[PDB]
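Coming up is one lone chain in structure tokens, specifically the form deposited in one PDB entry.
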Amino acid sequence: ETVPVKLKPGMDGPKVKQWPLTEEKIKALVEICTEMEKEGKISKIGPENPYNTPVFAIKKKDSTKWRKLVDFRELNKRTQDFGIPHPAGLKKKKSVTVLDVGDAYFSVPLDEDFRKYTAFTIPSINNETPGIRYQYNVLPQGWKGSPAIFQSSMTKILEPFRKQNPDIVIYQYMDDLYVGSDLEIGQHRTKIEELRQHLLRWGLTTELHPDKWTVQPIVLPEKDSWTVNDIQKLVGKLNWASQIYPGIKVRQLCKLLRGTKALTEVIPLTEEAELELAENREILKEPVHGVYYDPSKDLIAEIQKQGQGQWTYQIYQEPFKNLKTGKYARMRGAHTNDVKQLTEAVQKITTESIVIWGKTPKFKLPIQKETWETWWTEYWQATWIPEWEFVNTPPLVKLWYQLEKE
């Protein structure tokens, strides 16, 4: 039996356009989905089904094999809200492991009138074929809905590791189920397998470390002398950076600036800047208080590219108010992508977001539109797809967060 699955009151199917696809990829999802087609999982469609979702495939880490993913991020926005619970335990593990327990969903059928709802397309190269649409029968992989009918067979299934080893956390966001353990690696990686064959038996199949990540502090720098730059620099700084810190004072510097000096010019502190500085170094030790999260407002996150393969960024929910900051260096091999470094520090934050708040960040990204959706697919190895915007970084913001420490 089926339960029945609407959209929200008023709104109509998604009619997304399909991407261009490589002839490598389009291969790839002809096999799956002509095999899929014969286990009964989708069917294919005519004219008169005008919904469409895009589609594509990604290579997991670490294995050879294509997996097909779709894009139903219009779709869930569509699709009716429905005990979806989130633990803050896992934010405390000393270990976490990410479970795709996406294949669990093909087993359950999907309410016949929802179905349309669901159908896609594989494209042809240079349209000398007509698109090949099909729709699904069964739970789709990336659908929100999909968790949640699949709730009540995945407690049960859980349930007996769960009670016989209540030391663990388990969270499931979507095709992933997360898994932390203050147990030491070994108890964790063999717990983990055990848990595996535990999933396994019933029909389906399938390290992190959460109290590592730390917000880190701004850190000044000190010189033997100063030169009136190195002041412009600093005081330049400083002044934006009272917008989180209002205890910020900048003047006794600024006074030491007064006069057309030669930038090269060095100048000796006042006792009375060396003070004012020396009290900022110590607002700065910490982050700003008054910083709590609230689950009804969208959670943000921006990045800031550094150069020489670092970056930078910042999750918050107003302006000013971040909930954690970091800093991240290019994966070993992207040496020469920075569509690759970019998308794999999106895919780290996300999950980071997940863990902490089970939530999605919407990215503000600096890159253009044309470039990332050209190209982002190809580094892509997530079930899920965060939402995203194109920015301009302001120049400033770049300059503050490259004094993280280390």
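Numbering follows the first chain given and starts at 1. Rigid core (definition): largest C-alpha set, two forms, superposition within 1.5 Å. What changes on going to the form deposited in another entry:
- Once you line up the core between these two forms, the CA of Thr260 is the only one from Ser296, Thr260, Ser152, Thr214 that shifts by 2 Å or more.
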Given for the second form:
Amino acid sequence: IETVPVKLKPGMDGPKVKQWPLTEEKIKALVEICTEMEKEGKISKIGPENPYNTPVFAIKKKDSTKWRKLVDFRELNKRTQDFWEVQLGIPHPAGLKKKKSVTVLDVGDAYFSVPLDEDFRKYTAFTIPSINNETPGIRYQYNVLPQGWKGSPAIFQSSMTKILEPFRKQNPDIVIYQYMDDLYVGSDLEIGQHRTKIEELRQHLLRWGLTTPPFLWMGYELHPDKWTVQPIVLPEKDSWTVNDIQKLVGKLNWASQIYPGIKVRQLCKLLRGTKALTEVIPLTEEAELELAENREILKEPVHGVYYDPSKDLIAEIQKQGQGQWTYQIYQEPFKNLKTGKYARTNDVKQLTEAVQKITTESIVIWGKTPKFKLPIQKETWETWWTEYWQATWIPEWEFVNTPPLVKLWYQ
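Just the form deposited in one PDB entry so far, so send over the form deposited in another entry.
Chain alone follows, minus partners and molecules.
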């Protein structure tokens, strides 16, 4: 089991990221987990000559009551990008998103049997903090491929290929894609048969010593062929006020930055003069046709917008109320690659659910996670997100307060 050498992005040094405060419950969980990992040889205590740090958290597995350690390798991942993307890049299959069902299987346990390059171990340092700074934090580094580092599947790739070879050969129309600690397995089979194949796959994995409804933000399976447009939708009324038309024109105006063809000339003609907002304006036949044409446009996709693999994805999310959230993924603004809605607690719980759902979709569609613009105070998110987080990855995010009418225009 010779290790694979790993270089950082030349000129970059390792991560030095502050450990965020943890509740006692989570500190105790982590101490217990890490003690067992240390015994098994997966990690080792380190001394102060290691200046590096990566935050750790504890989350709940599945719909299970067992604690799981989540390491936030976002920084290390950014600093090792030439390694896992250029050098050992896992290609992403375009057929996955076209399958009727896709099942997500956690294979993170595979990594702990593969030694980590000795010169790289230092960059995987992490700290278990104490309460009230009673004692210095407990410091460890990894001796094995760690869960959450994009390098680990990059390195484990050739092993995963051997593991999956008989299964892929016997099932040539099933698509299997690895992203970070998970496998995504898609078929066009009837669901019973699909699940029978998944159980078969599990047995193959089991033979390599990998002994792998849970979430509210997704079901047993994903159904990506189901995912279809969230059209900007225009209201339908038998009576129109000046205020209603003004609303409509504002919505159409902003719709026209995304969709070509959108016209408002005729609708604005109806607003000539300085009118009372509640005055009823009967639509002339011209305005009616303009409105009809606009509806047709909004039902169809946007000509000319394509994913660019050299560019980051961005996701924006709006709170719509009554447990509803809207979202758009783009790379250049107004050039929406995908829009949608997540529905049905508290605000922070629901938002973490939407984020996990949107990221999963994005993995399936592009093999990349978006950077989220989250409508919430930074500290509130940082305090609470781990209470509800169940994914083994963590997308990039930043915090915005982007009112007002961007919300109106998506529902």
